[PDB]
Amino acid sequence: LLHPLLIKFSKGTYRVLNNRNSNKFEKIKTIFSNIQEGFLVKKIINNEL
Amino acid sequence: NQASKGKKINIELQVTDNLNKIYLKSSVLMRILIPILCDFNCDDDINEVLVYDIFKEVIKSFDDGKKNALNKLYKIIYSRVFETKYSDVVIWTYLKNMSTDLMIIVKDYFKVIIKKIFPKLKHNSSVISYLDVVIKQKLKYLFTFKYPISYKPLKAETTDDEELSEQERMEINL
Amino acid sequence: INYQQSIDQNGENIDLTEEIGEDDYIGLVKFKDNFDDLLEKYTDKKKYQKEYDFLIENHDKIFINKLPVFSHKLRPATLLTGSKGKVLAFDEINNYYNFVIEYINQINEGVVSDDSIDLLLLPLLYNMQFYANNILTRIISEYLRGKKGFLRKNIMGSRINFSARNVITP
Amino acid sequence: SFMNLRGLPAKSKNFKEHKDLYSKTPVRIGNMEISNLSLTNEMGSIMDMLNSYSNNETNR
DNA sequence: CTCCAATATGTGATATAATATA
DNA sequence: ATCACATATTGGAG
DNA sequence: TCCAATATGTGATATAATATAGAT
DNA sequence: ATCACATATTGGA
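Listed in order, the protein sequences are those of chains A, W, E and C. Residue numbering for the first sequence follows our numbering, starting at 1 and increasing by one per position. Residue numbering for the second sequence follows our numbering, starting at 1 and increasing by one per position. Residue numbering for the third sequence follows our numbering, starting at 1 and increasing by one per position. Residue numbering for the fourth sequence follows our numbering, starting at 1 and increasing by one per position.
Keep in mind that the hints were calculated from the coordinates and are not lab data. A hint or two may mislead.
Below are the EDC-like pairs computed for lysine to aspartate or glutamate, each with C-alpha atoms no more than 20 Å apart in a straight line [as the list claims (entries may be wrong)]:
no., chain 1, residue 1, chain 2, residue 2
1, E, 153, W, 157
2, E, 148, W, 64
3, W, 115, E, 109
4, E, 148, W, 160
5, W, 138, A, 26
6, W, 25, W, 83
7, A, 29, W, 88
8, A, 24, W, 88
9, C, 11, W, 168
10, W, 152, E, 12
11, W, 116, W, 43
12, W, 111, E, 109
13, W, 8, E, 8
14, A, 27, W, 57
15, W, 67, E, 118
16, W, 66, E, 12
17, C, 11, W, 162
Required output: the full structure, derived from the provided sequences and hints.
This is the structure:
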């Protein structure tokens, strides 16, 4: 059930690792920018897990 | 040129002191040409085209028509934009819906830098720092702007699920 | 068809064509201008004589300046309204179409007669060609092929009015 | 029943919303069904069936 | 029961930056 | 963090 | 020097009813 | 992911 959150985290951290010549703090903020309360529930339902 | 020796040098990206001075000369000429172009009561679209072409021409005239400065400027903007492709692939995938591509951003940024940034260049100042800052900030602005309409690209693929989104969306309410 | 050029610190073109053929990286406009001689250069009769003959017979259809786009009723587009924000549901094909348009506009707003930097114009043409190729490929792979495709679903078969479904009993 | 955006018959959610008593769901004539129907060499009658029931609006 | 003029209010378009490197 | 243009609302008279 | 084998990569393609829903 | 089909190298002969 928690796998979509892991996928989202992995996308964010791949972004930050591959970031070049930009503010690291900014990308670290983008990691947790669109994390929303209903994200896990919506992803659980829609992915038909 | 003295400061460029320490850092890793890429021949296409490096900006000589002479090129910085060429850009400054073009900046002075652009500033003195702006009021004349603004007073022209012709249509604004043809006026923007004329401003772009005229500023390109002042840079070329200071460049002896070599067009090397414009090539290096395009290369700078191209590098700054394409560096974010691998890292920020998600926002580029989303921006595909808005008909915005990396090369499109490069061309638009080229027009903006020649028209709305080069005139603002300060005397005896480094062009590369100002350009880096403005391009990176414009990329941040682009990735972080709230567009009026959220976009849902219907994936017409059935690799895993039995029915794709376009299929059901067609049959239900249309 | 793709255009690529490198520059020196001073800005002179420095590629020198050391490892690339003279015909490569010329551009799509140079390709159209030099299409006949290049065709004679690279065609192998033994394996592609029939294809080369087909190209000769249809030389007019090889290069086109206008791209068709099919009806919007086939391209589903819904303007749904949401609380946090409005939403637009479209099939991916639309994107590609729109992309093409944008490109041509940015190519046409600049005066074609005035000489401009090739790096600003030729890669745009190459990307336009890539997008058009993807449009054709997606039309075949989505709208016109398979069980989902209009060919198998509705050209041979069809949903039939005046139909019923019943259980059987002795 | 309700016609699709392409002018061809298609299912509706009316039975789910209890707006209709029976399903009113269209049957599909499969490719194998077309092959079996081709036993009768009157392809004109089969085409008339498919056109009047689905493909052509004027014939319907 | 229209028509006038003007006011305050809404909406789209634009604008901000000055430590460089496949 | 403005600003030029579009719009519903008040003021006013006929 | 060549070549056939191995390996990589490309490409078509897939049942049957069915619960929905990315700064000021 | 199974089947086909096509190249690219490479160890082998």
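Need the list of violated hint numbers for this structure, in ascending order. Numbers 2, 6, 10, 14 - these are the hints that the structure violates, sorted from lowest upward.
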